[PDB]
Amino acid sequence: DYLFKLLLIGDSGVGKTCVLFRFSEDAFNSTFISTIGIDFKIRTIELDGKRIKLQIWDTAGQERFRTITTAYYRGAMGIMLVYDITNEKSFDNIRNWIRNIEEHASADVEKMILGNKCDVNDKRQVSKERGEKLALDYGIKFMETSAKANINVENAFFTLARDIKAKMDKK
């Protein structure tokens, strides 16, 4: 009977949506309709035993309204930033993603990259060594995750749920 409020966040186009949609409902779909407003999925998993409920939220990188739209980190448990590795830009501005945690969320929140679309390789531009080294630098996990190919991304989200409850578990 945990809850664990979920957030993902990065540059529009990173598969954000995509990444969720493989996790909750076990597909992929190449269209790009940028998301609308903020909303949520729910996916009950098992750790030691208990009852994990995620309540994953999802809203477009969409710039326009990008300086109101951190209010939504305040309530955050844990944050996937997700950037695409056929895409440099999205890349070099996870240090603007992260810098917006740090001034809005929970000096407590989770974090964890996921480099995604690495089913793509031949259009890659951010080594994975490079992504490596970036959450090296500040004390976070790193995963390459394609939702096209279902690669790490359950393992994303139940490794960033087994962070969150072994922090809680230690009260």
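Positions refer to the first chain, counted from 1. Whichever C-alpha set is largest while still superposing within 1.5 Å between the two forms counts as the rigid core. Compared with the form deposited in another entry:
- Only one of 46, 108, 129, 63 has its C-alpha shifted by 2 Å or more between the two forms once the core is superposed, and that residue is 46.
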Second form
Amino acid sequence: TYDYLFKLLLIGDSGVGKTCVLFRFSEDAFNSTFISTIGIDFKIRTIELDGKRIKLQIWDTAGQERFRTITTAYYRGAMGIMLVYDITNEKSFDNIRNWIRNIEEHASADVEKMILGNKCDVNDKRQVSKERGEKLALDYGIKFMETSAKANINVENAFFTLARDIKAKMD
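Having seen the form deposited in one PDB entry, could you give me the form deposited in another entry?
If you are looking for partners or other molecules, they are not here, because only the chain is given.
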């Protein structure tokens, strides 16, 4: 027995931590090893939300351009997308604009979006200030959270938010 079924999508450059964010949230696990995703995968975790049970189907995409075509094919089904960058990698942040393009070009017009600056545990190598992240997301009308899959910061928050936000279009 479960009540709902939301399909979510993670996109962003290879290495920003999409799989770790998903694994944190799904398995409460974290791999330090970089094991690049091949094509596409998904996990399910059914959560207890607001007195109410919801099964989330979260699609994880390969960040490499080698699999770009494969991954884009999965955009139209998403009820919500995380655009992820790495706060320790300026270039991954610069690429957020391009990834916003593919969403608006291939997902549903009402798909709900959310930018995550991941690896916010790594202070000594921060290349993107939280203020630059927060104001970009304000600029796109997109919610913003800094996350750490490693430190388990705001991961549950991130998805629980995106899903209450989905639920809210119901109700």
